[PDB]
Amino acid sequence: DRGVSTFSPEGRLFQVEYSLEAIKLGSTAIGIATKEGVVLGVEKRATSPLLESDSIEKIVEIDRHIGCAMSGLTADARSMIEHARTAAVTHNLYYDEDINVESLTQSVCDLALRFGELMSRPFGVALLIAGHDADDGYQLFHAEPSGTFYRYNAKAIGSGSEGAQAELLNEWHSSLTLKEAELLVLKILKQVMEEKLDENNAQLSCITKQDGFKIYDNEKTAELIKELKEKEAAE
Amino acid sequence: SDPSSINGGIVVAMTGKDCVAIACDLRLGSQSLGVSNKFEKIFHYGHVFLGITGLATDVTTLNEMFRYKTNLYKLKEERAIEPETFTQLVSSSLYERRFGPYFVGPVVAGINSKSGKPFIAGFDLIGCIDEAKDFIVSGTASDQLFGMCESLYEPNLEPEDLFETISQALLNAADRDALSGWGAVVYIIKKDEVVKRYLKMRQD
Amino acid sequence: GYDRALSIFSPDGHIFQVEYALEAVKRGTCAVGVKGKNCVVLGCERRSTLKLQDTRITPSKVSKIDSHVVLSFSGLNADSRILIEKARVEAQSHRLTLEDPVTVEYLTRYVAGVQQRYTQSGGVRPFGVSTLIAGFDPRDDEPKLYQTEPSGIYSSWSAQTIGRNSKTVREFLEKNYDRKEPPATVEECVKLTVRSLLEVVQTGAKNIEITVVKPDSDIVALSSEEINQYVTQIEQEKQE
Amino acid sequence: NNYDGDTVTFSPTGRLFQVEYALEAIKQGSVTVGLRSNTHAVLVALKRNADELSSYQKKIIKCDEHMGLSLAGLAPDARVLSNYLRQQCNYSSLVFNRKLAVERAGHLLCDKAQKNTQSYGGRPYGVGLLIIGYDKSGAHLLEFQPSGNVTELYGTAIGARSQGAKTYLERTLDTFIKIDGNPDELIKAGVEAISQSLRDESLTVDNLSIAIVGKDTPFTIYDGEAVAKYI
Amino acid sequence: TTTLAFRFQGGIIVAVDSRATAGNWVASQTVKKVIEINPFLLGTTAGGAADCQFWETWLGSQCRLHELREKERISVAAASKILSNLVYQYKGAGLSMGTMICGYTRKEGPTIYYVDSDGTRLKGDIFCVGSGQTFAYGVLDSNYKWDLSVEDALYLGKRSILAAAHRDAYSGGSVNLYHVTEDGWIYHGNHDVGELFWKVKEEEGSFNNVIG
Amino acid sequence: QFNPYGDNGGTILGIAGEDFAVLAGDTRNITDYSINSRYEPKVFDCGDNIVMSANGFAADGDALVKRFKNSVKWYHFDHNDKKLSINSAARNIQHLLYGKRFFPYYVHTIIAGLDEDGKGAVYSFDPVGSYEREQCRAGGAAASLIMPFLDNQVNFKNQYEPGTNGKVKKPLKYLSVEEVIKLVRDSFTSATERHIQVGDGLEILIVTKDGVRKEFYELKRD
Amino acid sequence: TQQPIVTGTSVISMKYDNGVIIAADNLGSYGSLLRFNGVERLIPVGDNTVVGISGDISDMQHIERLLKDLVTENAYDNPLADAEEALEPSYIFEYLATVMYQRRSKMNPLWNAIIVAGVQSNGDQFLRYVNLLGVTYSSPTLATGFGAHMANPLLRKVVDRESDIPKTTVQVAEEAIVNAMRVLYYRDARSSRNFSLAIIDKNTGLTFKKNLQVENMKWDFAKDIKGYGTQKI
Amino acid sequence: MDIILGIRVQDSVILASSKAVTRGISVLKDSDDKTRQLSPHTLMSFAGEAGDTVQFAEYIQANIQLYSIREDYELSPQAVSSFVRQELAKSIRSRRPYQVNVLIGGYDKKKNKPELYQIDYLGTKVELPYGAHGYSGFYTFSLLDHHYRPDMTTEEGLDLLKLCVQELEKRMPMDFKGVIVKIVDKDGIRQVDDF
Amino acid sequence: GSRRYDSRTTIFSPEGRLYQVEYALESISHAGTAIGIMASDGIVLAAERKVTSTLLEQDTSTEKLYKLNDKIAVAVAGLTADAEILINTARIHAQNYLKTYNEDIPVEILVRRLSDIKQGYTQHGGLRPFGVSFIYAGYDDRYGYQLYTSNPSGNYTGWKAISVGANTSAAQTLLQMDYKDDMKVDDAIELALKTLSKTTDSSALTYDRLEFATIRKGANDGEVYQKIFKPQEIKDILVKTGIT
Ligand SMILES: [Mg+2]
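Residue numbers (the UniProt record's numbering), protein chains in the order written: chain A, 9 to 125, 133 to 250; chain B, 2 to 205; chain C, 3 to 242; chain D, 4 to 234; chain E, 76 to 287; chain F, 20 to 241; chain G, 34 to 266; chain H, 1 to 195; chain I, 2 to 245.
Hints are supplied without guarantee of correctness; some may be wrong.
To be verified - Listed next, the in silico DMTMM-like pairs over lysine to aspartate or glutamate satisfying Cα-Cα at most 20 angstroms (straight line):
(1) H:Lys177 / E:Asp216
(2) C:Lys169 / I:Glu16
(3) D:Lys65 / D:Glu155
(4) H:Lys111 / I:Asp182
(5) B:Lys77 / I:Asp71
(6) I:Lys68 / B:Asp162
(7) H:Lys186 / H:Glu127
(8) H:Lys110 / I:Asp141
(9) E:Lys146 / A:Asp226
(10) F:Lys85 / D:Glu68
(11) C:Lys39 / A:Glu60
Just so you know, the hints here were simulated from the structure itself, not pulled from any lab data.
Turn these sequences into a full structure, and let the hints steer you where they fit.
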């Protein structure tokens with residue numbers, strides 16, 4: 009057939025480019041970074057009404073100060089999360105401190121290109144890694160299967176990514192509050208989602224310096240959705 | 002401390018006219034303490050008989066090993082193993098543990114099914130074959146058995162006479178050994194019948 | 003060793019070997035899982051193309067992983083045994099180290115992890131198997147029902163079906179299963195499970211297997227006559 | 004065509020297409036400039052962003068107190084090669100109490116990249132590197148290609164539109180080589196050189212990345228408002 | 076060294092001395108023999124100081140990874156068994172450890188596990204480990220009741236270390252107190268044995284043999 | 020039989036002030052009854068405002084210091100030039116030491132610097148990696164001669180206020196850098212008189228927010 | 034773990050104003066047997082370094098080959114191998130020190146005590162010691178084995194501290210070294226009369242002196258010494 | 001640990017095991033249960049070196065429980081004892097052998113017979129009517145030799161066991177803090193809470 | 002490199018089938034027919050040797066029926082050499098079990114073990130599967146008399162009567178027609194030979210073209226005897242049943 013680690017004539021790795029297509033088919037995940045915290049939100053996208061939606065875990069804790077959202081082949085993320093958690097805890101053991109968000113992200117991205125003929136293929140999942148440290152404050156990273164990671168003020172990944180990113184382009188400014196960011200994720204998720212957005216088919220989360228990483232209750236998210244509807248009907 | 006004399010016990014084997022005999026005591030102990038009076042040390046794989054003295058865990062282990070090996074032998078060869086062949090198997094198996102050996106004193110006894118020839122053999126713990134015509138001895142009272150056998154034995158004994166000779170050789174040897182006794186068994190082996198007899202002896 | 007990358011991405015972003023593993027599941031006999039208020043029921047199809055079978059000794063479709071958890075499947079039968087073995091070993095390993103039996107979610111997560119591993123390991127193909135894992139967590143009376151598939155994704159279900167014609171029985175369950183009020187008793191849950199299989203099975207004779215799992219390691223498999231009574235009562239009500 | 008399925012296959016004209024495709028990834032990468040005088044050596048790098056919300060990808064990596072490089076192409080491959088350089092610099096210091104010569108650093112990178120071109124299963128590195136350093140024989144600038152070819156130069160540039168900067172340096176050769184004992188003026192020449200490779204976009208505060216090493220100057224990277232001076 | 080821990084109505088009391096010696100030489104009087112594994116779990120150090128510090132700190136990392144994966148507080152049983160299984164792998168290599176893994180969970184209640192470098196793992200109500208363990212046991216056994224108050228239980232643990240600190244040459248310096256509740260452990264201060272001895276002597280009337 | 024260990028003598032002393040820290044050590048290096056060197060530096064600046072000494076077997080001492088300095092360098096590479104805090108350095112050294120649990124670095128390690136609140140900090144390690152933050156710690160040959168003196172003169176142990184007669188302790192007033200250096204010098208002068216392995220020279224490294232400063236003093240050479 | 038078989042005794046050395054001097058006798062002992070009388074134990078590396086070695090001779094010959102191999106390796110792809118990128122004494126020492134400590138850490142030491150004497154690029158004197166344990170130290174005077182006990186005291190009377198180095202000339206330094214070698218010949222039972230001496234000067238370079246002998250010895254007083262106490266004749 | 005006894009009567013197997021756990025100079029516990037249920041009708045008591053005892057017992061337990069699930073079937077006491085012997089026989093030539101002695105008391109549901117197996121740390125297996133490990137047999141066997149009958153009831157077996165424990169409490173120097181007694185029969189395993 | 006020449010033996014078809022398993026089953030369909038019939042008082046194994054010669058030494062020949070232990074036997078259909086590799090592995094497993102537990106291996110456990118080995122070759126290793134289908138005839142004290150079959154996929158099932166090899170469709174119909182639950186060994190012997198006689202591709206069924214075996218409790222008292230029939234004994238049973 010052909011090598012797994014083969015370059016195309018354009019100078020791109022076939023398998024890495026193909027894994028990016030799998031991520032485009034994944035459910036939407038959005039992250040927004042502010043000076044009061046970083047917000048992470050995801051589309052759950054249950055394949056049937058009999059599927060208990062609260063068992064869909066596409067937002068995940070890595071450490072108390074670092075959270076993570078995923079999009080694509082979500083089964084592939086489990087080993088990446090395991091590595092991240094191990095890396096975060098191991099660094100605390102060696103250095104009696106929290107690990108930098110960038111350093112954690114770099115550790116995860118080192119796995120990405122360890123494939124050949133090591134694992135047999137790249138990961139088919141993109142990660143939004145959000146967190147806080149004392150040196151660089153609130154941060155949001157986008158970890159790809161290419162091994163590259165970009166820092167973002169705001170970022171959307173998944174099926175409605177390019178539409179959501181254009182919306183994040185206009186809406187984001189440096190003086191956003193946490194409450195404003197929460198509603199903004201809910202607004203953009205509702206726009207790109209096929210089904211109608213509610214507290215059962217969408218999930219919110221955030222990371223603050225004081226309280227750390229927290230996944231939002233369905234009751235808490237429901238109130239923010241109701242607050243969103245009213246403010247959009249307000250003009 | 003010495004593995005070959007922790008548990009104690011003895012085996013003796015003799016040849017007769019168109020027959021062989023193999024016998025053993027029934028004691029198993031932890032040095033001074035008597036633990037079991039039913040620990041038989043003679044086993045058989047088809048018509049080939051194997052006595053094993055020494056460290057009891059190895060006695061058990063080797064029995065299980067030779068059952069294993071003679072069963073596969075039979076399936077592939079489509080016939081029961083012979084005493085001459087089995088003797089070589091025992092030797093090979095012991096020597097493959099040359100620098101970590103089983104602490105045992107095996108004794109093979111049987112009649113070749115084709116030639117009808119009586120056969121006995123003995124081994125050291127490491128596999129060296131002692132193929133004597135007259136008799137083989139093994140265990141913690143081997144000196145005593147050598148003394149008994151050397152005087153009591155005569156060649157070409159009939160099965161029922163050979164029984165008396167080997168029985169008296171075993172019994173009186175065991176009575177001069179603290180770690181042997183607590184009952185005894187004697188196998189009288191002919192080409193197509195085998196009689197097993199439990200002997201009455203002092204229980205101290 | 004054999005290191006060939008069998009499971010790989012295609013230009014359209016698909017891993018065909020994982021997708022072809024799902025086609026093996028589609029071919030497998032139908033399996034259904036329904037959880038009531040205080041029980042879970044696992045229904046399984048037995049294709050009647052094979053008669054002269056010895057049902058005493060023939061591998062049963064539902065397998066105990068521990069005394070409190072069970073696993074049924076659709077797809078390749080030989081493949082399922084490897085997942086069942088690994089799960090059973092992990093269940094004992096968990097008891098040995100954590101001094102507590104596995105939760106149903108944990109056991110599901112483990113099996114799903116094994117399935118995932120085989121989708122990006124060299125020299126191996128994915129499992130042609132989807133599983134339904136059901137039971138009750140230790141000292142807990144809440145019913146649990148999970149599903150796994152070749153890709154390695156897993157999730158919780160109020161009711162679910164897998165295998166051939168699973169589209170039809172899922173259609174049935176989606177209109178007949180009420181979340182606000184699930185099957186309150188064992189009878190109601192088993193009845194709904196048998197009803198759902200009768201949409202697909204053909205004859206209600208030896209083609210339907212039912213296993214009921216209750217809290218505190220109370221697992222029992224229904225016999226032919228017991229199931230036949232449900233089959234009789236369902237159709238007699240239907241004649242109206 | 005039929006001879007580009009893997010790195011182990013020569014074409015009928017004696018070409019290694021996988022290596023040439025890896026070379027192509029560098030051309031797609033963002034521009035970075037390298038130049039030196041007799042006292043100092045300077046790296047200037049145009050960082051690339053994904054969009055307006057995103058950060059600008061870091062281009063410059065420190066290898067030791069006296070050595071470092073700038074990258075163009077696959078960033079993860081630069082991380083692997085730079086990590087390897089860090090270890091070799093560090094081995095030299097620990098074992099021989101000796102700072103690793105820049106020329107010897109180039110020889111090591113060449114040999115590491117070469118093994119990936121001759122063996123089955125692997126792939127060439129998809130990145131180009133510009134290594135600067137100051138050692139016992141003064142200032143140095145190297146250009147690394149993932150074919151294995153390493154070249155010592157007075158100045159150079161790699162990446163998209165790098166030809167414009169490379170021509171400028173070829174004209175300015177006699178001027179910038181003489182900029183001794185003046186770091187600011189040497190950087191100015193580097194910023195003016197990389198400007199020849201710009202179209203549409205211009206050098207902003209979070210766009211530009213500069214690094215320098217010299218006689219009494221450890222390898223230090225300048226980003227953010229630290230490079231506003233040179234805009 | 077003298078370390079103790081006991082279960083009671085209000086949870087667990089943990090009490091330790093503070094002395095570290097190399098032969099007759101007193102290396103330190105300010106040593107921490109309670110390892111704060113996490114906000115809910117405590118461990119005592121006896122035998123090898125490094126072995127106890129290192130591996131119980133490591134234990135905290137394992138407990139953190141557990142509750143990240145399982146989304147649930149690790150049990151005292153599971154936590155203690157991670158440590159015992161670890162030291163059992165090293166058995167023969169020369170690790171020296173005698174510790175009490177202490178915790179308070181919903182499913183278990185207040186639990187204490189004695190863990191050993193020989194691989195021993197024992198659940199119990201009262202444990203004492205160290206060169207001055209026999210002295211502490213006496214005060215504990217004669218005064219212990221399940222229905223002790225948190226105030227009295229804290230004093231009993233303090234007084235028992237003092238008993239050992241006085242008689243055992245390799246115990247002393249100061250007393251560290253902890254109270255383990257379901258919501259986490261609570262530190263109850265450092266108490267210099269020198270000052271504590273005279274205070275207890277006067278107020279309690281004990282140690283009449285000693286001139287003060 | 021080959022003995023991989025040796026004793027190079029020497030004595031070191033770390034004292035934590037209110038907003039400063041000192042780590043001192045003699046410069047004499049010995050085997051048995053011979054002097055190898057009258058000036059062989061034993062306390063080292065490791066960067067990030069941390070000073071270190073690994074006293075005992077000098078080959079293991081040099082190996083550990085070298086490896087720790089290396090750890091500081093790679094901490095900068097891996098974590099965006101972040102400053103290694105004294106508490107983080109201490110935990111890192113524990114793992115370096117415990118890494119050789121079954122073939123130990125035959126040294127007694129001390130580091131000094133400032134914590135993240137700017138206060139003076141000293142950490143003390145045993146050969147296999149058990150460690151603790153301390154206010155005052157002497158290490159090496161004459162440690163038993165120095166520590167009791169420090170208990171008395173730094174922490175005011177057994178000292179009470181005149182007139183009260185044992186009822187009121189002498190208050191623990193803060194010592195200045197000039198006051199600490201006096202106690203360090205007198206500790207080493209006394210140790211030199213009564214311990215044969217101590218002498219030649221005294222080198223003190225003082226750590227403040229401004230950086231690391233060095234001071235050298237002569238000791239008796241007999 | 035081994036035991037030394039064929040052994041070499043003291044190596045002695047000192048710094049002076051413009052460089053360093055190092056010396057060692059030409060004997061390879063076999064226990065109490067003075068087996069080999071033509072053993073060179075000073076091994077020059079380039080024109081700026083001399084490595085003096087005592088202890089096991091078979092290990093010395095191994096170390097000698099490592100240094101020879103080091104020079105070859107340094108010349109590979111190195112246009113400045115005879116200039117800016119030539120081997121320094123500090124490079125040579127650190128390499129040996131690494132090897133010695135690694136070997137002791139594998140419980141298989143090179144059974145030696147080594148002194149690396151040389152002059153650096155900037156003209157600085159280099160003099161440092163390393164042995165089978167990987168222990169290292171520097172001093173204005175360095176000596177191994179018996180030299181440590183008898184040579185150092187004499188050499189330290191010339192250069193007692195760092196400030197005495199600029200005051201010490203090459204003639205005074207060489208005189209002290211030569212006298213120390215005589216004292217060792219009087220008093221070390223595993224020494225020989227024949228020795229080699231090497232001077233590494235920042236101006237005049239490396240001067241290697243072979244086939245030197247201990248001379249001007251005092252023995253005449255021995256004729257008057259009779260008996261062990263009371264004996265007169 | 002110290003004393004473990006076993007006696008096979010008419011219709012059951014009785015295992016008695018000491019409660020003391022002494023670690024050096026102090027008795028750390030006086031209520032320790034030195035036994036593990038391998039299967040519903042098979043109990044194993046154990047005594048030997050610290051750590052190894054419980055590690056081994058739990059390892060055997062896990063393996064038998066694994067077999068029970070895989071086959072949906074309870075192994076016979078004989079089969080379990082042979083498995084245990086092999087593990088100990090494997091162990092004795094290892095880098096660091098398990099220093100563990102065991103008694104396996106089981107009721108064979110197929111044969112409707114109680115069975116007692118004695119296995120030491122070397123892998124020395126014996127089937128017995130009554131058994132012990134260590135010094136326990138030295139004090140008790142003379143009483144068991146005298147009084148034992150194969151047709152004894154469970155109540156008679158317990159009385160003979162009390163006499164054995166009384167002799168141990170009289171002549172043994174060590175205080176083993178009494179014994180926990182368990183009975184294995186056709187109905188399964190149960191503990192005699194008053195002894 | 003080497004990838005070019007790799008057949009990829011362990012992959013799914015678009016339909017979800019294992020190519021090599023399906024093609025191995027096609028291979029097995031051209032092998033001589035083997036039949037197993039389970040009765041209340043024993044099991045019968047009957048099998049047809051493929052187009053033999055008059056010069057073949059039959060009495061020492063064995064291509065169909067093999068002994069795994071004293072209680073369990075197998076009938077082979079497919080590549081004989083492949084079967085012998087698996088047979089020796091099975092013989093070893095039975096002995097390992099006997100050594101461990103001191104009890105004869107239960108039939109299903111042995112069957113599961115061999116079936117798991119076959120499965121492995123279909124999922125990993127990149128090797129071709131074993132082109133073999135077994136009929137397992139055996140006895141243990143839990144389930145009594147048991148018949149199983151396994152095929153290259155590693156899938157196994159239990160049976161009252163079953164055929165493998167050539168003309169299984171025709172053979173299975175004939176067995177399904179005449180089999181009853183209360184049947185005895187002597188009746189099963191007759192059914193097996195009658196089935197082969199009708200499904201055979203040869204002109205007539207003779208003793209030299211057959212291998213035959215019975216597992217009976219027809220051994221003196223509570224125990225089981227395996228009987229591998231000799232050429233003369235197969236000739237006698239053919240006359241007794243009235244086929245020749
Ligand atoms: Mg007697």
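> If you draw a straight line from the CA of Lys77 of chain B to the CA of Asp71 of chain I, is it 20 angstroms or shorter?
Replying inline: Holds, because 13 angstroms separates the two Cα atoms, which is no more than 20 angstroms.
> Does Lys65 of chain D pair with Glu155 of chain D here, judged by a C-alpha cut-off of 20 angstroms?
Replying inline: Satisfied, since the Cα-Cα distance of roughly 19 angstroms is no more than 20 angstroms.
>> Hinted pair, alpha-carbon criterion (20 angstroms max): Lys177 of chain H, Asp216 of chain E. Please report holds or violated.
In response: 16 angstroms, holds
>> Between the alpha carbons of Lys146 of chain E and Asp226 of chain A, is the straight-line distance 20 angstroms or under?
In response: 17 angstroms, holds
>> Next pair to validate is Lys85 of chain F with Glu68 of chain D; report whether the Cα-Cα distance is within 20 angstroms.
In response: Satisfied, since the Cα-Cα distance of roughly 17 angstroms is no more than 20 angstroms.
>> For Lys111 of chain H and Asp182 of chain I, compute the direct alpha-carbon distance and say whether it is at most 20 angstroms.
In response: 29 angstroms, violated
> Is the Cα-Cα distance between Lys110 of chain H and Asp141 of chain I 20 angstroms or less?
Replying inline: Distance ~13 angstroms between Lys110 of chain H and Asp141 of chain I Cα, so the pair holds.
> Holds or violated: are the alpha carbons of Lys186 of chain H and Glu127 of chain H at most 20 angstroms from each other?
Replying inline: Roughly 19 angstroms separates the two Cα atoms, so the pair holds.
> Can the restraint linking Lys39 of chain C and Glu60 of chain A be considered satisfied, given a maximum Cα separation of 20 angstroms?
Replying inline: 15 angstroms, holds
>> Given the hinted pair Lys169 of chain C and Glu16 of chain I, is their Cα-Cα distance within 20 angstroms?
In response: The given pair, whose Cα atoms are some 18 angstroms apart, holds under the 20 angstroms limit.
> Does the structure keep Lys68 of chain I and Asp162 of chain B at a Cα separation of 20 angstroms or less?
Replying inline: 42 angstroms, violated
Comparing the model with each earlier hint shows violations of hints 4, 6; every other hint is respected.
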